[PDB]
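Participant: So the chains spell out like this:
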Amino acid sequence: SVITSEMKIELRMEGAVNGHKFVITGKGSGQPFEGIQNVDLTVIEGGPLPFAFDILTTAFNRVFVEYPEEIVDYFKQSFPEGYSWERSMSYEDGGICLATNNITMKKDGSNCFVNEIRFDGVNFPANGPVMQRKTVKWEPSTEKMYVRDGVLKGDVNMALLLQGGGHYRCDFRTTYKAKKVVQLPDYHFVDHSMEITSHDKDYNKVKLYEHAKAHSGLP
Amino acid sequence: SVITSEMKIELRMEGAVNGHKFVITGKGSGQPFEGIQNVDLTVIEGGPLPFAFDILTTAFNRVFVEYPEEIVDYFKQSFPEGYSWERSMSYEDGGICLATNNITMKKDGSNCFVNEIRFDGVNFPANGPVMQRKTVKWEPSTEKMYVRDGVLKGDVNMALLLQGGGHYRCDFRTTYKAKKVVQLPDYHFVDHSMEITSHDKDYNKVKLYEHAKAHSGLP
Amino acid sequence: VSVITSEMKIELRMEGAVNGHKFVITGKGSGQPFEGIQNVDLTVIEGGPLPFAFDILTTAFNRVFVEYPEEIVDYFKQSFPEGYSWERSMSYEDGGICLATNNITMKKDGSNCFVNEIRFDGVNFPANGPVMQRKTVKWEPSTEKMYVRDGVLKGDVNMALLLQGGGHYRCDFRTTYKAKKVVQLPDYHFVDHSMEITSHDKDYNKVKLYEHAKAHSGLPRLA
Amino acid sequence: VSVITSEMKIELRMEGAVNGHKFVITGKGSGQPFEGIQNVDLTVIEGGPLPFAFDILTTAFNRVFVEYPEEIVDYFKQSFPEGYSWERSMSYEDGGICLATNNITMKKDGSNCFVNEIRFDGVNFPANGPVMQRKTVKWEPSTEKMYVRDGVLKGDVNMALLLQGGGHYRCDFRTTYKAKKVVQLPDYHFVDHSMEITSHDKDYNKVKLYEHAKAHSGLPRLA
Ligand code: NA
Ligand code: NA
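Chains as they are written, first to last, in this note's numbering: chain S, 1 to 219; chain Y, 1001 to 1219; chain F, 2001 to 2223; chain C, 3001 to 3223.
Isolated chain S, as found in the complex:
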């Protein structure tokens, strides 16, 4: 393992949603062993975003999960080479997003992760919560981690809290591919809890916070 308790984050995201192109960059940092990260985002091309910013935030690194010793940590072993993930996000009204992230060490040697993120979304109804920007936050969640074909899969049932109560459900299916041979975990869970801690009125500037911890289910 090549991970410090204090680490930086740099990221660039390039995407379109319902055809609307956009670019976002972010500088942040976090504590890989506490499972905590912060990031400051800026919409550098394509703002104000027509859609709810919340659909983006999950694309903005499972290195930042506090793993107990008794569970193998696919992610912390993948470095310095890194890993990537690819994800699908099926919303219950037919809307869907794919996203990919390639995560590696900054080439200058320093304590920083570089993230290359692609994000694409189609079929959101013009009148649904995403297009109408009526989302409040993602609820905390529990991702389920298991192995297939010698790589790691994680599936989570996600839910957006809507304005005036009510939830809007989304199913995630992620694949994690380490850039080198690493020890493979047994079935386990990761609790996540992510929230937007600050944003300007049109979400051109957004600060994001996640806390994440792994476990192996009820005794």
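Bear in mind the hints are in silico, worked out from the structure with no lab data behind them.
A hint or two may mislead.
[What the hints assert, rightly or not] Simulated crosslink set (DSSO-like; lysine-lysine; CA at most 27 Å straight-line): (1) S:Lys213 / Y:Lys1213; (2) C:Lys3135 / C:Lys3202; (3) F:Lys2178 / Y:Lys1021; (4) Y:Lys1137 / Y:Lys1107; (5) Y:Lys1179 / F:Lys2022; (6) F:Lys2135 / Y:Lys1021; (7) S:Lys153 / Y:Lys1134; (8) F:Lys2135 / Y:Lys1179; (9) C:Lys3022 / S:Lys179.
Starting from the structure of chain S, add chains Y, F and C with the ligands where the hints point.
Facilitator: Relative to the frame of chain S, chains Y, F and C with the ligands by itself:
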């Protein structure tokens, strides 16, 4: 609330899977405040079952969940009238099951739940783990509970451990309908951990155990 | 050797529940297997008036009644007299879902009657959706896609209910067909369906149903 | 007023990634909008040889090229000169999934050319599935189901790739069509498609593609 710490369970299940009809009955008991239940099942019609018994076990009562005080307990408030649920189970190879349970107090006044269960499954490939009986157990899981249309919904990502490693994924979507007006909870989670503790060779006699506890996600 | 006449009878019994609501329905009808046409008269004998839209049932009420061109292998007409069965799932877009099965054999008295043992199960329809609120008009005509897997026949169709005051409510079908004996297996092909309720009393306790169905192999590549 | 000639050109640029693998593809072709026929020549200009089956791309490479009978409203031919765009999702049965978009307008120099700006994105294809292992033969012909929602056009089709050594690999399409201006909206109808790769070099850097497409309104109820 009309619930004792010690309570009996009686149940009858009637179903077909890939057209193969069957009847199962069960006597058991559990501790509604500890979130623990036991049941003894018998296949009284249609045995030996062509398919994996594991697909059945989740149909064999969210009253048996240990709820903390800070979370509203939809289920324990529904009694003595009871509640019902309806569920769908989407397996990743195309196989799918629906099930329903009507839960009420035994009519003789005693400390016993009566369960009327219907179970139907179609489209399991002749060569998949279910038809080939290659399942080992359901992994522990975390159901996600939220309200819609004044009733309670719970969705869980389930996974069967297969012989020689490997998992076989299933998505649950349950609806819970209390038979009277009850206080409605906020979004929360229920950890489940269920296992077959004993069975004869052809699964005509099976003993089942679940432990279940509610919580509200990572601090 | 096929055992099918151009005139054939249909007898059926359907037993189900939808959102927990139990019901039984029987039906007498007849059809013309080579023209791909069938008629049936249904009676709700237990559980009526039905809380849900009758439309969600009608598709469970036999692919023998499809007009097959000679150049397409007919899985169904070869399966007789032994018959076949099917299993189906029906995924509605609002989360509602139904499974159904049918076991189809020749009436035991030797006459030219198909006997249909049908089971039907529906869960998770929103209290306020078109199905529970009974706001459906009809199924649009459709094209089922037939293909082989694991030595049996699969057919998947995009279905759509027309709602009151326009608008459609989508459903995805996934059916499996299992012949009771070894039969010659078809290439990828299509079945057009067009089914409608031709008559019903106010509460749908009595319903007459009509389907016309024809197989084909998709648009010619040349103009 | 429609602005469509019977002879029309096609220019396109597609930019994507699949399983993270970036690529660019451009194409020159032409078609006959009233016969429902189109041709295109594709070049992989960046990212070749492609690790994945080229077949998963070809459907992104214009519903103007459908022969519409007079009795069916043609959403697409009315949308011009301004054009329309579509967004699509493609759900493969092994978990693989692709989204794509196309923005279709008239070439700015006034000539009779459609310009297509296409984006394509694919994730979660198993390393060992037909797509990554390049084991596809062709898409079977299909019937798309067209219906209206929220004042735009939706079309959903059950697609199927024929694999090497028989067997099919299913995919569900869900497309949305958005005209760039107010146009008359159609009733529920169908489009038959039949598309094939007519020519390619060994690594699919160069591919010629042909589609024939015709609309209809489903099997007559009468024999
Ligand atoms: Na903290
Ligand atoms: Na215990």
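Participant: List in ascending order the numbers of the hints, as given earlier, that are violated by the structure.
Facilitator: Numbers 4 and 6 - these are the hints that the structure violates, sorted from lowest upward.
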